[PDB]
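There are 4 protein chains.
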Amino acid sequence: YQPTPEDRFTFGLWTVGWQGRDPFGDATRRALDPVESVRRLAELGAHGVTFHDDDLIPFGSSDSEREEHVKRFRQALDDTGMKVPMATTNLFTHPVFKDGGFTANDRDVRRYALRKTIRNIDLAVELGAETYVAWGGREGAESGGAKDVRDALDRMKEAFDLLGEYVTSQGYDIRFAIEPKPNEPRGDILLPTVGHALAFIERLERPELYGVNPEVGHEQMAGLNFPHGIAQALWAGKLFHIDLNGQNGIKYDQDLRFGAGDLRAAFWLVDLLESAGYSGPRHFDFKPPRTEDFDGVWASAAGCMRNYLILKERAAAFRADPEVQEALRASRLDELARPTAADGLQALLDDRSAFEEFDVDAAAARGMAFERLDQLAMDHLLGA
Amino acid sequence: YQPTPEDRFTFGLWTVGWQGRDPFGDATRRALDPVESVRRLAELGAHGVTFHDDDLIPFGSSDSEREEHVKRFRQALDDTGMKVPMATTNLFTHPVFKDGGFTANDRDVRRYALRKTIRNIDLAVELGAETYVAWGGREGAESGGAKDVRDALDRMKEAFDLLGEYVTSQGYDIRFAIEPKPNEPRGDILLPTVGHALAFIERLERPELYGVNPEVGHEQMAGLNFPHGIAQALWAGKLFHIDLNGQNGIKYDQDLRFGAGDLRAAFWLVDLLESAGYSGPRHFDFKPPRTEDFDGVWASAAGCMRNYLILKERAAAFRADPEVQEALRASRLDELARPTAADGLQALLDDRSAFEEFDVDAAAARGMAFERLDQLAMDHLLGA
Amino acid sequence: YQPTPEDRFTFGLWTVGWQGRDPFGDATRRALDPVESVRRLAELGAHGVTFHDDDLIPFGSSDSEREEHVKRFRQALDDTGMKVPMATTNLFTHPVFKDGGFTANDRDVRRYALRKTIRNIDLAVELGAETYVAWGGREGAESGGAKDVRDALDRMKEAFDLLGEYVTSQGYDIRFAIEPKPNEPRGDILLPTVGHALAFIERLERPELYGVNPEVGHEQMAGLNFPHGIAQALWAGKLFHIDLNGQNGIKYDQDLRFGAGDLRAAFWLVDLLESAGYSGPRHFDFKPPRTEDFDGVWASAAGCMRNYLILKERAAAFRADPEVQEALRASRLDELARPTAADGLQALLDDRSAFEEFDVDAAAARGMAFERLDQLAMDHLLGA
Amino acid sequence: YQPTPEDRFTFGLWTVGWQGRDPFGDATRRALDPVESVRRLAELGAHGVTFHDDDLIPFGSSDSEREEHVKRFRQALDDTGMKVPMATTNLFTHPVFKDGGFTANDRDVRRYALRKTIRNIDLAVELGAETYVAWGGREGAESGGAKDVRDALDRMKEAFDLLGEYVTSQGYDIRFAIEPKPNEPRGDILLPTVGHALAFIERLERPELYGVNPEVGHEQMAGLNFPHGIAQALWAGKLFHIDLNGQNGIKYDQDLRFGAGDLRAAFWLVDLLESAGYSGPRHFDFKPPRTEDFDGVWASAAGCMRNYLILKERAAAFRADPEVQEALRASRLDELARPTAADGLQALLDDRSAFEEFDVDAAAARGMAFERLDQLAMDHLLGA
Ligand SMILES: [Mg+2]
Ligand SMILES: [Mg+2]
Ligand SMILES: [Mg+2]
Ligand SMILES: [Mg+2]
Ligand SMILES: [Mg+2]
Ligand SMILES: [Mg+2]
Ligand SMILES: [Mg+2]
Ligand SMILES: [Mg+2]
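In order, the protein sequences belong to chains L, Z, B and X. First residue of the first sequence? That's 3 in PDB author numbering, and the numbers climb one at a time after it. First residue of the second sequence? That's 3 in PDB author numbering, and the numbers climb one at a time after it. First residue of the third sequence? That's 3 in PDB author numbering, and the numbers climb one at a time after it. First residue of the fourth sequence? That's 3 in PDB author numbering, and the numbers climb one at a time after it.
Same shape as in the complex, but just chain L:
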């Protein structure tokens, strides 16, 4: 299970670089130089890295220091072969963003968030990023009267339309991916799930420029089925990008390494991505626990890729098993793929076997044989 750069594993600089500061604790690790992270991840078999603007260029850098950080970073990419498929904006750390960026109540803050983003898109294009991710981590509210959500949605649509106007203006070959999260650090966050983001995209001026970037642990913080959410995103044609990690149920955002958390969900996830032919990056947005030193940081990042590779092998064996293939026919997964009424509405209305002559009790008596199928999936996951 050794990663190849064909496996397209990518990491956020903020992931292996997380210093371990949490709500009740100070940093446990020194800061990482972006250059060293690129080198270490390259040796581990990663394909690329991603960044917030403020991960790369310390907030408040003059043009001189900005260009110096960029050229050092770019040198590290040349020396390792690492790519930068995705970039994003930090619109949540600085106190100015305490009521949001695109949907702050203060108009001048909203303008500034648009400008800060625009400046990083230019940089993202220069480094070759294909996807620009937007996570509105501060767009929301702790109390009900603080945010008119219809107005806030007007301002959110407005920001994304202006960004699409810009990329169109500049001839940029780059697409946007909205990343949902239901809560934290705001008490409730706007566009809380994959569904809410998908719905919203359909109201934008140029919907084809916009997809979603779902995260395992985020949909799981609302107790939702992450493979189900991904399947609805693929069915709609909007899965531009994906963030992999683990999460143990409904609680604070854990950002465990991938495959930790809900293991059977990771299995069904990999199975879906592999079978659907998803070809984008396998991006890990995770936090090595603050118990770890740097050796634990790199072990945890290695574990992300290893667990994807093991599950991929297990899902491929599960779908290849002839006994599984017969189990699927036994549960009528083949019939689910067939049109309900390709013959049409009128034929349906005149088909007496569809109602008048339908033997409802015989139909109800057929078992679905789902428990045998699931044990085979278990047997395959465990290698039994």
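Since the hints were derived computationally from the structure, they do not count as laboratory data. Errors might be hidden in some of the hints.
Unchecked claim - Taking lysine to any residue pairs in the SDA-like style, the calculated list, with each CA pair at most 20 Å apart, reads:
| no. | chain 1 | residue 1 | chain 2 | residue 2 |
| --- | --- | --- | --- | --- |
| 1 | L | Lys314 | Z | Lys159 |
| 2 | X | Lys159 | B | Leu351 |
| 3 | X | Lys85 | X | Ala29 |
| 4 | X | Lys159 | B | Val169 |
| 5 | X | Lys159 | B | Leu350 |
| 6 | Z | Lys159 | L | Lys159 |
| 7 | B | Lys159 | B | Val169 |
| 8 | B | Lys159 | X | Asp381 |
| 9 | B | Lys159 | X | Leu335 |
| 10 | Z | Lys314 | X | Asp381 |
| 11 | L | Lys159 | Z | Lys314 |
Said to hold, decoys possible - Not close to chain L: a few residues of chain B, all C-beta gaps over 12 Å, as computed:
| no. | residue |
| --- | --- |
| 12 | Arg32 |
| 13 | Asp35 |
| 14 | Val72 |
| 15 | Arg152 |
| 16 | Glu167 |
| 17 | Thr170 |
| 18 | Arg205 |
| 19 | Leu206 |
| 20 | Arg266 |
| 21 | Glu276 |
| 22 | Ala303 |
| 23 | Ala304 |
| 24 | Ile312 |
| 25 | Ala318 |
Unchecked claim - Here's a subset of chain B near chain X, in silico, CB distances under 7 Å, partners left out:
| no. | residue |
| --- | --- |
| 26 | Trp270 |
| 27 | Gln327 |
| 28 | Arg331 |
| 29 | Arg334 |
C-beta atoms are modelled at their ideal positions from N, C-alpha and C, and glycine is treated no differently.
Starting from the known structure of chain L, arrange chains Z, B and X with the ligands on it as the hints suggest.
Positioned in the frame of chain L, the structure of chains Z, B and X with the ligands alone reads:
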């Protein structure tokens, strides 16, 4: 706080008629005649009632018994003035629906579910229903291999498109409202939240025929903010109908009476509905607890309407308070309503006060004054 | 992975016998004769079965029919070699128990619940049961004013003390195990977790007669760590019995087969039970999904035992691995087992290396190496 | 609703002093001088304040600076009349505590945590604290193999027994209160709920020295009923202290001001505390949201006390209402207070009206009238 039929309070027959059977217990109350429920609700000040097909016509009724139940029901509506604004299909009780209706793996079951629905739409139109609700309570899965969600979404789209073809075919003035629920009785249910339903509607052939019917307790079973969800539905123009009840957090579907459960959320809900000018029915989908006898049934249903009326008074006082109106300006809710960049993209890029000359520290230092605003909302809710 | 009756797998009659009635659906399967369940489970490799009183003797049976059901049941046990290690009372199905049994507000109901229980203890002893389980499924409330919890706890203590007086009176060699559940079918249930039950036992007159019977899915309905709960029960000496199943997070009680649900938690559970030397029954309290016919019922029950056996093999390999044994020393699990201050309070106060001369920064810099250890546990679970 | 110091409202220095640093954001407010907080809280009507050791004496202070901070603090208490009823130890911020304090795997860290605590008890006694709170925020694990929970419980018992030996040794009139929390910042925390803490106390050498300090939002992070938990703590005699705040369901620890969050639960809480005659401090452990400036800080702290006072008035009116008093008799709350079988076991066994002659159907037919009672509680909460 006495209900007027202008208040448009409506009840499901299955609500006050719930016999008290639960996963671990037998019925505590005898069955109610639909006629008696119409009479009792009319005396309480209700505007109308709603029904599943099987609430009204016992499953498996000949045409003779069917027409007899309908004419008795219709007589009760004539005698009381009660209306029937909404109707829906039972596609979840009978064992034949154990793997779903529109998305059962078995094709013959899917055909039968379409036919059973079509027969009830005709009836719904005859009784004057304006909205037809679809709750796919059995569309889902307990295990991962049992349902290909992309295929299932193909079958769901197919069913809803055929239904829209039918109403179009017949010149029916009726619209569909999809009711989301994240789980129970399936381990996970397809279209689990308002967002997932909104997204899906945009893929249908005739999206303008389809809206959502959100339920308080359903979005709250995923820990989501129900007023936030409703606001996104209004912003999209899709709030055709709404189901009111209470729920205490993430657990089984409680169906408590309205205003029980999360009280502050009910307040912010009423405030939104009243201020947005929502004009549809205020529908209660609730279950009088099985501890109650029939006198408790009617007290609980009365409590539904009373609590809506109290909160409506409190929200109206909150928005009318000049001190609240000044608090809202202090938190810049007025600025949230103003366009971020009505001047346009190019003006934004050349506006040096939006980035180069923006005093980020001064902006960050302004408090939002949200806690004063929320205490005024509290003071108003409590009548202090 | 074939079960031996030394593996002590036991099943509730109500488990494989569940007819599939749920809050929104009718039965999908016919009723099972207790005799046939004993035969079928014996062929599958089960060691024994358990029962509620009403599983075995239909509610309201004359003494004549009661003794006839008992003798038929007893004949089935003689013919198969099956044992009955545990029995319990149904104090939740009948409408009379709608406000609870031991803590009903009505005094006459509380008396009747005590008598119904006492009658089943006599029967349990005759059939050789060693543990009598109490699940107060209806002890609780949907609203706050309905139950004074201090009074209710007085009545609960009173019931359990009287039951202990009885078994003492009769010279019965049998112990009680309290089964916690946080909710459903009551909105909140009294003694909601393992901790609440453990605390309560310490207030009973004869605490040594009383332990806990935790259930996987129950502690998981509050989002708690089930292995952590079991370890606190073992540490206190109170793990008399245990109920195994699966559950996918915080939602209605799923009763999935064991190993479904949170798989990594099942692994850590088995590891704890095997290493601690737990010698009681491995009892499955589960529900074959109502999608299944009887062949699926027996496949699901087989899956319960298979998954226990696979995990047991994997946990045994994990603890036997020398590389794991060195990883555990690297994370200082050996030091956690050593007394903090066997030298005593005064030595601690005068030990300058414990405060005055303690190098806090050197200590903080040691990584815990937990992520390497967890990946080895993963590698072992998956058989990589 | 103006607070009197007889109302015994107390605040943690870390509460109004929280700078607004969260997992994804930097501080929004400057640090507060403990002296200014004492002055500002005194003007607001607070009775006292509480502290961690590191709130008062910056970590790593020489004896000279330590005594200087203490004397400045003590001067502020003399000038305002403020008391210090409770103190506690910071065993979670410093990186050395990243695997816990009392249950760190490293033995030298455990010794150091005991010594750091002991030093603050001496200080707590000098300032007149009556309760010493222990919150084991870092005692736990993110992965299963990292902590043997039985060993960890041995080390936890050991630490608390040594602390009790110390206070006994020194003749100190002070008692310990254990504060449970189910998660965050560890993935799971040991002693996760009130029940788990109560159970554990019963294993300590001197249980009478130890009670619990429950927090609203903590029990609510496991979806549990906080008034139910408090009632079990009062029934056991262990409610030494209490922490008040608000929390919106199962998610990260919000620390909203009291009365925000689950409002009806705050009502039932106040009702319980007032009726049970709880005489300890009403302590607010809350965080003014980081959206606020200092004026919002003080408004939020004022809101804590106001909302307690409003609810207290409403609960007192609810219990004083003759119509409520008759409703309680109608739901048989009076019978719940009466012994089930004061007549004894043998009388119970020979009482034919308790089983043989019991009319089970008549009993089951009595409604509980809980919904009328709850609407009166609602009517009273809202002032209708
Ligand atoms: Mg995250
Ligand atoms: Mg992310
Ligand atoms: Mg419902
Ligand atoms: Mg509904
Ligand atoms: Mg269960
Ligand atoms: Mg059980
Ligand atoms: Mg807290
Ligand atoms: Mg606290």
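Hints, one by one, checked against the model:
1. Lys314/L to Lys159/Z: violated, 30 Å
2. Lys159/X to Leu351/B: holds, 18 Å
3. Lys85/X to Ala29/X: Status violated; Cα separation ~29 Å.
4. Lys159/X to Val169/B: violated, 33 Å
5. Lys159/X to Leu350/B: holds, 16 Å
6. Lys159/Z to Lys159/L: violated, 27 Å
7. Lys159/B to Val169/B: Distance ~16 Å between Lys159/B and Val169/B Cα, so the pair holds.
8. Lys159/B to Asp381/X: It is violated: about 34 Å lies between the C-alpha atoms, which goes past 20 Å.
9. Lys159/B to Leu335/X: This hinted pair holds, its Cα atoms lying about 18 Å apart.
10. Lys314/Z to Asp381/X: Judged against 20 Å, a Cα distance of about 14 Å means the pair holds.
11. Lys159/L to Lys314/Z: violated, 30 Å
12. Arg32: Check fails; 10 Å does not lie beyond 12 Å.
13. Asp35: Correct as stated: the minimum Cβ-Cβ distance to chain L is 19 Å, above 12 Å.
14. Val72: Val72/B clear of chain L: closest Cβ-Cβ about 32 Å, beyond 12 Å.
15. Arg152: Since the minimum Cβ distance to chain L is about 31 Å, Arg152/B lies beyond 12 Å and the statement holds.
16. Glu167: It holds; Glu167/B is separated from chain L by about 42 Å at its closest Cβ, greater than 12 Å.
17. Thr170: Since the minimum Cβ distance to chain L is about 42 Å, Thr170/B lies beyond 12 Å and the statement holds.
18. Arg205: holds, 31 Å
19. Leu206: At roughly 33 Å from the nearest Cβ of chain L, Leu206/B sits farther out than 12 Å, so the non-interface label holds.
20. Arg266: Nearest chain L Cβ is 5 Å from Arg266/B, so the label is violated.
21. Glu276: Holds, because the least Cβ-Cβ distance between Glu276/B and chain L comes to about 17 Å, which exceeds 12 Å.
22. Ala303: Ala303/B is in fact no farther than 12 Å from some Cβ atom of chain L, at 9 Å.
23. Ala304: Label violated. Min Cβ-Cβ 8 Å, cutoff 12 Å.
24. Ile312: Violated, because the least Cβ-Cβ distance between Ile312/B and chain L comes to about 5 Å, which does not exceed 12 Å.
25. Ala318: Its Cβ never comes within 12 Å of chain L, the nearest being 14 Å, so this holds.
26. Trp270: Where the cut-off is 7 Å and the nearest Cβ of chain X is about 4 Å from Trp270/B, the hint holds.
27. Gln327: violated, 12 Å
28. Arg331: Check failed: Cβ of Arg331/B comes no nearer than 11 Å to chain X, outside 7 Å.
29. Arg334: Hint holds; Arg334/B Cβ to chain X Cβ min 4 Å, cut 7 Å.
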